[PDB]
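Visitor: The chain contents come next:
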Amino acid sequence: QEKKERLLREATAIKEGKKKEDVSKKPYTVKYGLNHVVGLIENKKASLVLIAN
Amino acid sequence: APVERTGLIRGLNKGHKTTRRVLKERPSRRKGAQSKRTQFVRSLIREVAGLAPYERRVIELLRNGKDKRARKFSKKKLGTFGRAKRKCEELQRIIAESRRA
Amino acid sequence: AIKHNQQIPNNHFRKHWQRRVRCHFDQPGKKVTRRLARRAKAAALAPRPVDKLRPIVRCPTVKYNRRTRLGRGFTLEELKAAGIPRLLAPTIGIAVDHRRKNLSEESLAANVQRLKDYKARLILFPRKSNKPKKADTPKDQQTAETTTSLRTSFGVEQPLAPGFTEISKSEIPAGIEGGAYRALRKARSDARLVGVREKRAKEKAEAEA
Amino acid sequence: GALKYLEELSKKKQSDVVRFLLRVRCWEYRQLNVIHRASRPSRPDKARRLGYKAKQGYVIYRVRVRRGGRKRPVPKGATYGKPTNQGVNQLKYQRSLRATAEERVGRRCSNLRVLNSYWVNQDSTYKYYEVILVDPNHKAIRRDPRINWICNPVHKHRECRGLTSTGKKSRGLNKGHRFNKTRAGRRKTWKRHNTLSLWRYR
RNA sequence: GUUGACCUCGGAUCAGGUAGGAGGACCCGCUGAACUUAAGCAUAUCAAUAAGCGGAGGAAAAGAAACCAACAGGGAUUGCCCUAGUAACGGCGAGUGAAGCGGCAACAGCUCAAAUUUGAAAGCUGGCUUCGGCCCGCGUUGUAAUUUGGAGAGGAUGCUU
RNA sequence: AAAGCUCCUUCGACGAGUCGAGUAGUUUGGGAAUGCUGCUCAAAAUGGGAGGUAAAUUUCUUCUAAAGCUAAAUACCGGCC
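Residue numbers (PDB author numbering), protein chains in the order written: chain LG, 106 to 158; chain Li, 9 to 109; chain LL, 2 to 210; chain LN, 2 to 203.
Bear in mind the hints are in silico, worked out from the structure with no lab data behind them. One or more of the hints may lead you astray.
When the alpha-carbon atoms are kept at most 27 Å apart in a straight line, the in silico DSS-like pairs for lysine-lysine are as follows [what the hints assert, rightly or not]:
| no. | chain 1 | residue 1 | chain 2 | residue 2 |
| --- | --- | --- | --- | --- |
| 1 | Li | 93 | LN | 14 |
| 2 | LN | 56 | Li | 39 |
| 3 | LL | 129 | LL | 42 |
| 4 | LN | 14 | Li | 39 |
| 5 | Li | 95 | LN | 12 |
| 6 | LN | 14 | Li | 84 |
| 7 | LN | 56 | LL | 16 |
| 8 | Li | 32 | LL | 102 |
| 9 | LN | 56 | LG | 136 |
| 10 | Li | 32 | LL | 117 |
| 11 | Li | 84 | LN | 13 |
| 12 | LN | 5 | Li | 95 |
| 13 | Li | 85 | LN | 14 |
| 14 | LN | 5 | LG | 150 |
Take these sequences, add in the hints, and give me the full structure.
Guide: Okay, here's the thing in structure tokens:
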């Protein structure tokens, strides 16, 4: 729901001349996916890790 | 770089004279080369999994003991003389570092 | 059961050979089929030749070492020297050999000459007539007599180097210092004794020191 | 990235961690049927390496085999032949247990195709294999061009014709001076070497 | 306690699908003899054949080298001629017996695993729709683009498609 | 948006109860053992295989296995003509 409206919002902005990255902002989210997370900690970018048992 | 040929057959460096050249290395010949990423993984997994039964036996045989039994035992278990030598020489390194540690 | 002086026979007719006998009673019939296929293929490739350019190659044994013949494809280094895109080459009929490599410099030189004078003799129709491009043919040197075999028009000029030549007298060189039969004997004996001679020399130096 | 670590760990089938794990899982089997479904692969890296994907139409089965050499089935011990071939009790089968395992699973699932198989566990009297199969009638399969080559009517039941990886091994399909008599098909080359050809103008 | 999820194992004349049999001249496998020859006969030969069993197509199989070579080196696979009744095997008896190179027919190259899109699962079966889309579901224990050793990734630089 | 070419400090991931060894049976022209299969042991990173006589020491040559697809030259009178 949020993604579809967000993609619509930026679409209507690209048609009057203003480029993208101007109606939106840098996102902060949590990360997941087994191999994905392994990379994030191999690169020393992670701060806390929670593992299921 | 490459040596020249003598120009007459039936000799020690026989051949037909030509200007041999050096050619850039093919990407298919770097097969058994060490890479700085695989070594990280192997070290971690070794310290997670541990040693093997026959490995432990030759450790106690190698330390505080002679060395011909170690090589004979390793060949009987591993199959060939060449692999036995490499395993013993590499295995010597791990025990030696621990003592230095 | 031999009875007279004959040659000892050996005829490998002891299995059920009669069940696997091949007879070629359709030799002319097949020939006709092959010719029909070639004409159909020639009609499909309307202005292009039928074959594909091959490079020059030397036979790989000590016997047959003298002759040359056609190869399978041009190496990647040969294409780069002539200045031909890696991927465009197969399209325009030049072949490519993934796995051959150039050790000397005469085969390299021979083949780049082959490519260069081929590109000079190559027409190239544009992809769309109403919009020509820079690398196409300018539509006026576009009508000329063409070839279709490409094996006879580009075959090996001479497989074997000329048999004999002539030189003025008093220009004939002199042989090896002592004979040309003693040279062979000496060059043979040296390689026979390479191991022993080097070992004997090495021991003396280390032992004395 | 983690899948690389899995490959490196599963190589050491003697370490205490690995050896214990097999011991428990092998008891989990041998209590179920000889052939039964598996909800998901037990060796994700080894399955991915062989073409298994995670999307509707891919299935994984598990099978058990008897193990050991093959005894000649004949009444009592009589063979009624010459002494050169009358042994019954040290003979060996000419295909691999993998092939036998694959064939039984294919007969069970008569509407799928057999892709590959791999080794999971092993006992004194059994060997356990896992088999990867593909559905050739699903739309999600027919849509993708990396696999839809299997939907053609020429790949029917290739496990029992000897076209999987284990089948190609038990036949002599490799290049070189070593695989001479079987490079292109043992029967085919025998016919070629043993035919007698006559032309018109001899 | 109530409620709501997950994992494994089931029911249903649930919605939609698919295999068996025939033919088997040619093809891919498994299993597998003896008559006969050796002037007897047991290793050997007939034969890696006949009979039995499983699996497909108009062709099938094989195939882009963990190849051949020891050269001034060749370059996927298939077939004919030659190599050659040769190297070799064999109560070294009867007998059996390939391969490289060379000429020709026909030619055609390629995709996946192992990398974090992480500034946005960008992917897909099914149902309804008026054709614009929507809903549940699959899926992060990994679906698309990117890379396959000929390389490639990361950097500059100017051209072309 | 996507693609091709010329240069570069530096990086450059590459398939495991597999390869290999011992032993048994079968087969091949393959001979101190060519391929296949059962049992026991069971690897490595300039590593590994091969280089047609078993073994040790020191060099050299050539490719990169244990995952996959693809027409033509070829066989056949079984089916329809």
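Visitor: Which earlier hints can't be squared with this structure?
Guide: Numbers 2 and 7 - these are the hints that the structure violates, sorted from lowest upward.
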